[PDB]
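Given next, in C-alpha cells, is a single chain: the form deposited in one PDB entry.
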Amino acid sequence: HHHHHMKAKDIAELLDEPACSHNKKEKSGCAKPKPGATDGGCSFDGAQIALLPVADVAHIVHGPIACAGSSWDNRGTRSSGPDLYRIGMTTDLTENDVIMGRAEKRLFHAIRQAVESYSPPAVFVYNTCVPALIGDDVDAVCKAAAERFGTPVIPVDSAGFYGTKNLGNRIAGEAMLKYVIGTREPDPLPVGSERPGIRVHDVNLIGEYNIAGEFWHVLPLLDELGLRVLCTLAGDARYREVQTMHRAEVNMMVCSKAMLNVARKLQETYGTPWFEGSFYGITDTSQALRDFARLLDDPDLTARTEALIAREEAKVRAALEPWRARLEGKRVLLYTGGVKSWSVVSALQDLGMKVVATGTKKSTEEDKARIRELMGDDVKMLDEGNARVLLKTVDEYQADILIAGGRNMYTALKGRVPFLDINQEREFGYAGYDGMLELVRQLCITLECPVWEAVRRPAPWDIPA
C-alpha cells in the first residue's frame, strides 16, 4: 500500500532528534525486534502511558479489545480530582467492522457517545494496528467530530506496529505540540496568592507522571519558591493546563529523553529555555531547583533556593542517619529495561551503596552511555532478553538486591533474590527529599526480610544424612 510508505517517513523524522547527544548513532532502542525473543511494549502503549494522566479527558482507544481490554485502569498515576482517564473507552471493533470498512463510522459515534455521556474538556483518540493497516483516517474522523459536537478531539496516531513504547511517547508529545499547546493563555495568578517579595515565575514539568502521588512532595517546594507550574506533563494534569504550556519561562525535562522533542520544539517555537534533571535523590532534587534559579535570572529566587536547599538537606540528612548503618555497603544490581532506571541510581549513591548497572543491545544509547560513565568503557552488555543471564549476573557480582522494572520481578522473586520495583506501576513515592525516606524504608523492608532464608532452606525431608 502507498499510504503506509508515508507513515514510515514520519517515524524516521521522530527518530531524528537533534537535541539528543546520540543522534549520530545507530538507534538501538528502536531496533527491529527478534521474533520469539521480544519483551517490550508497543507504540500505542507508549502514547497512552504519556497522555492517560491527563485526568479529565475522554481517552478513546480505537481498535479491537486486545488493545484496551487487557490494559485499562493500570496507570500508576494519582489524580487530585477528576478520574475519567480511569474509565476504559474503546470502539471494540467487530469482524464486520474491519471487513465492511465500518470502523470510521463506529469511531465517529464513539466520540459522540463519550461527549454526550461525560461532557469532557477534550477527547484523545488513540490509533491501533488493525485500523492503521486498514483504510482508517483517524485524523479526519477526529476533525469531523470536533466540528459536529463542539469538543476538541485530538488524534494520537500511534499504532502498535510503528515501533517501541519510546516512539509512542514521541508521538504523544507531537500530538500535544500540534493540537493542544498554544491554544489557550494562562489563568491570572489566583487571588490571595500575592506573597510580598516573591516574584512568581511560570515553569513546565515535562516527564513527571506523579506515580503513587510522588510529585506531591516536589509541588510544595516549587510553591514555596514561587514557581507556578503551568503544566506537569502529565502528572495530575488537566487539558486546560496543557493548552497554556507555550507561555512558560523555563522547561524542565524530568527523567526522560523520549519527550526531548517537546522541550526542543518549545524552544524553537516560543523561545522557552529548558534543562534536563530529576527529582530522585537529595543531590538531584537540589540540582533541579538550582537549575531553575540559574535560568530565571532572579537573585531573590536564587537566594531563597539556597535557603530551601539548606533547610531541606539538613532535615533529610538527619532523618537518614538512624538508617545509614542498615543500608551501607549493600550491593545493588540495577537493570535498565528502558523504564528510566538510571534516574533512581543517583538516590542509591546518597546512601553509600555500590551499584552495578547493566543493560542489553536492545537498550537505548542513553542507557549505554550512563553504564560507560559508572562501570567503565569496556563494559559487558547482556544483549538477549534471557532472564537467566540477569540472574547469573546477580550471583556473579554478589548482589544483595535487584532494582529493575516490574517485568523482572518474578525473575528475582523466583530466583530467591530481593527486588525493588521502580516502574510506572509501584505504590510508593520516591521523589524529592521526602521520597528518600520511603525509598530506604522499602529497601529495608525487602532486604531485612526473614522470608529469604525460608525460601532458600530446603524441605526437612530433602536434607541429606
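Numbering follows the first chain given and starts at 1. For the two forms, the rigid core is made up of the largest set of C-alpha atoms that agree within 1.5 Å on superposition. Compared with the form deposited in another entry:
- Note: rigid core superposed between these two forms; among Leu308, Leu84, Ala146, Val379, the CA shift is 2 Å or more only at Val379.
- Here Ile181 counts as shifted, since its C-alpha moves by at least 2 Å between these two forms after the core is aligned.
- In the core-superposed comparison between these two forms, the C-alpha atom of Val200 has shifted by at least 2 angstroms.
- Taking 2 Å as the criterion, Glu438 does not count as shifted between these two forms: its C-alpha moves by less than this amount when the rigid core is aligned.
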Given for the second form:
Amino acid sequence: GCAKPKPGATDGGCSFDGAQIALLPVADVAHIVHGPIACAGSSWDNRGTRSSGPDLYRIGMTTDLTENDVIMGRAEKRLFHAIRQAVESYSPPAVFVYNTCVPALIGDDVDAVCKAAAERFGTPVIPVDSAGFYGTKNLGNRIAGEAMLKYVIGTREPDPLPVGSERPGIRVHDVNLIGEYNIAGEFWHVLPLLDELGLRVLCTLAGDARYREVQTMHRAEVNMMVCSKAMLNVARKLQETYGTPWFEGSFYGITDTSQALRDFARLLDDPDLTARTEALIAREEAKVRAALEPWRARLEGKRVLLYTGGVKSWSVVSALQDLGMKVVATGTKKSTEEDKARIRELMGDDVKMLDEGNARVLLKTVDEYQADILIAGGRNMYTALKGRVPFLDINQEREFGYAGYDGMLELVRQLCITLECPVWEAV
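Form deposited in one PDB entry already given; the form deposited in another entry follows:
We keep it simple here and write out only the one chain, dropping partners and molecules.
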C-alpha cells in the first residue's frame, strides 16, 4: 500500500506531482499551479513527454503566493486573475489549475474560482484538486483521472476521419491508449503500427495529446491500460458509463507489443483486422529478431537487479526477459500490491521486504546476486553509480527510446553502452 515513515524511504512526492505527471503532457493547455514556489518552480523544467506541436505545457505557470496572500483570502483573488492572465496572454484551448498543500489548508475553493473563470472569460478551466499532502504520486495520478470525468464526458464528439481515407481497411476502428506518455517520443515507435492496422487513436491519454482529443474519448471502441494501473479507475468508469471494453498491456518488448496488438484484434472484433494483425506481427518479429541476433552474444547471460520505484518497471522485465538476461526484482514494503504480486511470480515467495533501506539494502543486495546492472529509475541512479555499479534509467521520459519493436533496438544499445564501458574498471 502506502503510509509514510519519517526519514525512511520518505521520498516519492505528493499527489500534486502525481497529477502533474499525468496531465502535463497535454501540450496546448495552460497548466497553472496554485501554490507558493515550492510547488511550481522546480517541477517545471520537468521531464519526459515530447510534443509534435504546441509547447505551452513547457511554460512554467503559477500563482506566486506571497505571505500576504495567505493572510487568508487573497489566495482566491490571485488565481482568478491568474487565469485571466493565462487566457488573454496565451489564448489556450483550456486551462488546468492544480491545487496545493498551502491553498487546500486555508480552505481555498479551487472548483468555484475555476467555474467563475470559465464563465467570465470563456475558456474551459478544469480544476485538479490534489495538493501534495493527500498522499502519493499514484493518488495524484488517480485524482488526475477523476478530473478528466468533467472533461472526457463527450464534451465533444470524435472528429470525422480526414479525407485521406485508407481504402479496404475498416479505418473506422477507434481506440484509446490510457497511460502512454510519449516519453522520449517513444510512442512515435508504436503509432505507425496502429495506423497500419487502421486503428485510429482518439487520444493517447497524456502522450502528445491535445485538449480537444480528450473530449472525444467516450466514443472509443476499445480502451487499453498502458502499464499504468494507477488509472484503472478511468478504464473502468469509461467501461461502465459508455460500455467501452478494455485490457492491459505494455509496449515494451517483442512479446507485449505483439500481445497488446493481439488483444486489440480480438476485443474490437473483425476478421480482416485479425488477419492483418498477424501479418504485421509476422513482419515485425521477423524484422526485430533479425536485428537483435548480433547483440545476443554481448548481453546474453548478464544479471540484472531490478528495483521498482513507482516506475512501471515490470514492463521492461518483459523485454530483457526474452533476450536472455537473468532478472532479479524487488519491492520495498511501500510498494503497490502490483509490484509484490509480480515480484512474487518472478522469483521467490518471500522477499519484497527490502525495507526502507536506500543503497544500504539496495547496494549490498546487488552485490549479493553479483548483478551486472541495476535498473530502477533516477532516484537510485547515484547510489548505483557511486557504488561503482552500471545503471540504466527506467524512464521512457528520457531521450531513449525503448518501446514497440524498434524500441528494443536501443534498449540493447543502451545496456551495452554502460555494462561494456571501460570506465567501470577504472573506478
